[PDB]
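> Using the sequences and the accompanying hints, generate a full structural model.
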Amino acid sequence: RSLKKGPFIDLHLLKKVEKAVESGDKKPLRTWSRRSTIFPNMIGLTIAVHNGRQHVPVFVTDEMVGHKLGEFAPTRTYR
Amino acid sequence: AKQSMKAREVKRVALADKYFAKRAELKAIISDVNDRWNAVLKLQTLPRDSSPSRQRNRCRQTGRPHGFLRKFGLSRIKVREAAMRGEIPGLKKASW
Amino acid sequence: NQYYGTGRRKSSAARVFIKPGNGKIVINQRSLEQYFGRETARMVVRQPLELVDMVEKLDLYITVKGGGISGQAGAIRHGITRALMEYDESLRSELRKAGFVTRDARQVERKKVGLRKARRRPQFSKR
Amino acid sequence: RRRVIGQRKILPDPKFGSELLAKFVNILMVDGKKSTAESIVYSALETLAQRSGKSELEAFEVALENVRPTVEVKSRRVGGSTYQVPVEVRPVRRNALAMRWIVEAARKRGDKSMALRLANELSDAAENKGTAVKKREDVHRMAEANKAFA
Amino acid sequence: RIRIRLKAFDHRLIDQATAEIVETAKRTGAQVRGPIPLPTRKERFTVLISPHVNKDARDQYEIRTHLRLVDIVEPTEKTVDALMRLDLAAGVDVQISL
Amino acid sequence: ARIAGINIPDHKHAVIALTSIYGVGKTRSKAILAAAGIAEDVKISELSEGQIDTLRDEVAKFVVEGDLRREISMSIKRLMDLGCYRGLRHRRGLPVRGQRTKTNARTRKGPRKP
RNA sequence: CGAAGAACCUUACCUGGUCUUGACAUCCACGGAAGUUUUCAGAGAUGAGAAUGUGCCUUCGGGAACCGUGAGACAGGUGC
RNA sequence: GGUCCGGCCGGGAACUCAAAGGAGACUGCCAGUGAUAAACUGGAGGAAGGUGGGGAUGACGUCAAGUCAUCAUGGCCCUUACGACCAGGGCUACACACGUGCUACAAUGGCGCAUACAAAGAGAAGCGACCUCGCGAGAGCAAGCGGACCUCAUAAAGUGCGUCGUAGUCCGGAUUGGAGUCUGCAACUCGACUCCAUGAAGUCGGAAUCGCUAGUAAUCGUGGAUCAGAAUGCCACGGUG
Numbered sequence: 002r003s004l005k006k007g008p009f010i011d012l013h014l015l016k017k018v019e020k021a022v023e024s025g026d027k028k029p030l031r032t033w034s035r036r037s038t039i040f041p042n043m044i045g046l047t048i049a050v051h052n053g054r055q056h057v058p059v060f061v062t063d064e065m066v067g068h069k070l071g072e073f074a075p076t077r078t079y080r
Numbered sequence: 001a002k003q004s005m006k007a008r009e010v011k012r013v014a015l016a017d018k019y020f021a022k023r024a025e026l027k028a029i030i031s032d033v034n039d040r041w042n043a044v045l046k047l048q049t050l051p052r053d054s055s056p057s058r059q060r061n062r063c064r065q066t067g068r069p070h071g072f073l074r075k076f077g078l079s080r081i082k083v084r085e086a087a088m089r090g091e092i093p094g095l096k097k098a099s100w
Numbered sequence: 003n004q005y006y007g008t009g010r011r012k013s014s015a016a017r018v019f020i021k022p023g024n025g026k027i028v029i030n031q032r033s034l035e036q037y038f039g040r041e042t043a044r045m046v047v048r049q050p051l052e053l054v055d056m057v058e059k060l061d062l063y064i065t066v067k068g069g070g071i072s073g074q075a076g077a078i079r080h081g082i083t084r085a086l087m088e089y090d091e092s093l094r095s096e097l098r099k100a101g102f103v104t105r106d107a108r109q110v111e112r113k114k115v116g117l118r119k120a121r122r123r124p125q126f127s128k129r
Numbered sequence: 002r003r004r005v006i007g008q009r010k011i012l013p014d015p016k017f018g019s020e021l022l023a024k025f026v027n028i029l030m031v032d033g034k035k036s037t038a039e040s041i042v043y044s045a046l047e048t049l050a051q052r053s054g055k056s057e058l059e060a061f062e063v064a065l066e067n068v069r070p071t072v073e074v075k076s077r078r079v080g081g082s083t084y085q086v087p088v089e090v091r092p093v094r095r096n097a098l099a100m101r102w103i104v105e106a107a108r109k110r111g112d113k114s115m116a117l118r119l120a121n122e123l124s125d126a127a128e129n130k131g132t133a134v135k136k137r138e139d140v141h142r143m144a145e146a147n148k149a150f151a
Numbered sequence: 005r006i007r008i009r010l011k012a013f014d015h016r017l018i019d020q021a022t023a024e025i026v027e028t029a030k031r032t033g034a035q036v037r038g039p040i041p042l043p044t045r046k047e048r049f050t051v052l053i054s055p056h057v058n059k060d061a062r063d064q065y066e067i068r069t070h071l072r073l074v075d076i077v078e079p080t081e082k083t084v085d086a087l088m089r090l091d092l093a094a095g096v097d098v099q100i101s102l
Numbered sequence: 001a002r003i004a005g006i007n008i009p010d011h012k013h014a015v016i017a018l019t020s021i022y023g024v025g026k027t028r029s030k031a032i033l034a035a036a037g038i039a040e041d042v043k044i045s046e047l048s049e050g051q052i053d054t055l056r057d058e059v060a061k062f063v064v065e066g067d068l069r070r071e072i073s074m075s076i077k078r079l080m081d082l083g084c085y086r087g088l089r090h091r092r093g094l095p096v097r098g099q100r101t102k103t104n105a106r107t108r109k110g111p112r113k114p
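Chains as they are written, first to last, in the deposited numbering: chain AL, 2 to 80; chain AG, 1 to 34, 39 to 100; chain AW, 3 to 129; chain AU, 2 to 151; chain AX, 5 to 102; chain AF, 1 to 114.
Derived by calculation from the structure, the hints in this document are not laboratory data. Some hints here could point you the wrong way.
Listed below are the simulated DSSO-like cross-link pairs for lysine-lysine, each with C-alpha atoms no more than 27 Å apart in a straight line [stated by the list, open to error]: (1) AW:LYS12 <-> AU:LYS16; (2) AG:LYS82 <-> AX:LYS11; (3) AX:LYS46 <-> AG:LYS75; (4) AF:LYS77 <-> AF:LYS102; (5) AG:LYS97 <-> AW:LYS114.
This is how it looks when you write it as structure tokens:
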């Protein structure tokens, strides 16, 4: 929520969508700076995350708009 | 981190008024959220490592950054000697 | 013609002037009752001057620089005492005997390190 | 501890010039704030006189007779176990220690207001019915009795 | 009410100073102040000159550090010029910024 | 104003009555009491609709409880998911505020157990 | 706790990128004016381009302010 | 002495305030005490009294206790190494404690409008009013201020009139519905805080770790720096008591 008066990005990430958004049927993209907020032009693909024990795939189906990319990464065994 | 970064502060430390803090004095005032012009800000944030204010600082009488007391002008280990030549005028027998 | 004092007690900061005849108590532009209207000490300021028949003889005018009503009740004690202290040298024995000369100065040798009581040295009946 | 300095001097009540009515309130205070506690004690003494229509502050005594003890129990393990021997309280103590049992009865008493928790228990205390008087009579049942075991 | 904040390392050297300003400046106008103090810092000062690391030889000196206030009602040059001609006293300070 | 919703106040005086309505903002109630505006004691029945019907066209775009308790849960839908702002944390059914508050969801989403 | 800020943070450690005169700093050798500004890469260190610029003495000798590349000596840390 | 009711500005030095240089209380004479010793009480005389108090200097000796994490340095240290450059991450889980540190159990209480009085401290990597914008954190203009001038507190109780009726509530912010921003590459599975909607335990629990003797813990509040900066720590003097 501290994204305090409007949107931002990962600056290096969207710079690098640019061939894997060229006919979205393709293999995934990857990111390590999990803070990672993202444009609605990504809709149609797979984007995986450094959790960071391993690298877990998150999925840009039909709705993406509302939270940073951390919301599905399992960082250590939650007892 | 002992000496580290000094060179890269030095390389832009004197021109922050030229990366923003005078460059701003007409174009960037219409770019406020007080004055509304929404296409203008997105071209002046580009300067990244020299966006004012950001300063690694220099502990000087100490050779490596073991803090910096920004009230007194010396490292978080030095203090003892102030009491022994004049630098902290308030340092008598502690109140504790 | 006139006689005077000032005080320092919990935490004020008050003056007082004795004046010729009519017997009243005037704090800046108002009466005693307006300033301590519930404040249970109030008698103690007019008490030692009602002995010496004030009503046709003295008049009392006051002003104050940080109120402090619970402590003022002794700043005024000391002050009004300095005023009578040149009115009539006779009553220094009355002011003392009635406690009206005393002013806050004492702690009863209290704690510095841990012990409660801290001036008195080791005592025995032959060690 | 060789020097005589062992008790507070305090000043008299604002009306009847009595350190009696003054030590009452200054026992009742438990949280500080004096001058409004002193006006509420002054409200106790008027609610008192609603019973009788005269100087019931003279009957303050005729209750305080029953709350004053002669004896108190303090640290005396002398004889290889608890060996009490209370000793009497010096004359100056008889009625301050009675204020101590009037204020512990008032704390949870239950009466409408706190002016009435004190003015009712004084009324009872003259009746010997009282909860301040019951605590004293307990000590008399206890240590004034144990005179015969000392 | 222009506050000339007069200040010397010593009581000695501001006394020598101020008593001429309250004479010189006052001659035709403004009732010139000069004795009225500020929080005079009579402190205890300690420097390490010990010829080896041993116990003490941190010689505790005292100080005076004494400041006063020269005050004038108006910039009346036919009374005040004289203190400004006193520029030659390079051994006392004055801080006139107001 | 023909106030929709669920409950009604029960013979209590205005200044409790008004504020016991199951979703009409309490802190504001201090002032709207004079906007319609009515005495403090009235037991709300004697308002005969007509007395606050005097402010009706406001009330028809205000959140009075019917909205607040169901219809307001639709509101988040263009803000609801993974991406930028406000976000998938709400549609997940979780405790949304406090210290490591995902770990409070025990009761909310199934586990109960430590 | 020492941390009076264990998510740029005075880095323990998990990782990778890199080095072992490192980052800072001298004694001769051969040389140079110092810098402003913008474009594109790279996670950062670092990589590939484009413009504008050229000070003070002054024996035009020697160099300063101040940046290089080659040497031979050669740098460090709460380890108790 | 004038008021256009602001010490406003005329006007003079009681005295606080400010304070520089300083300066005065001694068994000092009186009642009793005993050895006309001894010193202990009450007092004349006071701003304290028999170190007057509150700070303070903490000698050899200090436990073979530390500061072995700036010590100042003898003996000995790792050196493909304990040497130095750089962006990432995750420290906080939870079944268990266990206590420090918190509170929240309704009238010696609060709740609502109205009335009376202080200050310790901080300030140009500053602090910032009036005054513009207000559901407000939070935007902004802009007089000012270098140490009684600018601003933060309009200390809490208390007083006077209203308001519940002993009531799981009106108070409980434990917390979770949605609604907001000051900072940032950066706080989210990591906060810090603002508006509404809330309502976990709630009801006076024993066994036994030592808080606290006097101006001393309840009771009644404020600051400060580390530092691109949120300790609930401590640290220090005030007072209803």
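> Would you mind marking each hint as holding or not holding in the structure?
Do the hints match the structure? See the list:
no.: 1; hint: AW:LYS12 <-> AU:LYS16; in the structure: 25 Å, holds
no.: 2; hint: AG:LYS82 <-> AX:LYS11; in the structure: 32 Å, violated
no.: 3; hint: AX:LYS46 <-> AG:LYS75; in the structure: 24 Å, holds
no.: 4; hint: AF:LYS77 <-> AF:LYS102; in the structure: 21 Å, holds
no.: 5; hint: AG:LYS97 <-> AW:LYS114; in the structure: 15 Å, holds
Hint check: a violation occurs at hint 2 only; the rest are consistent with the structure.
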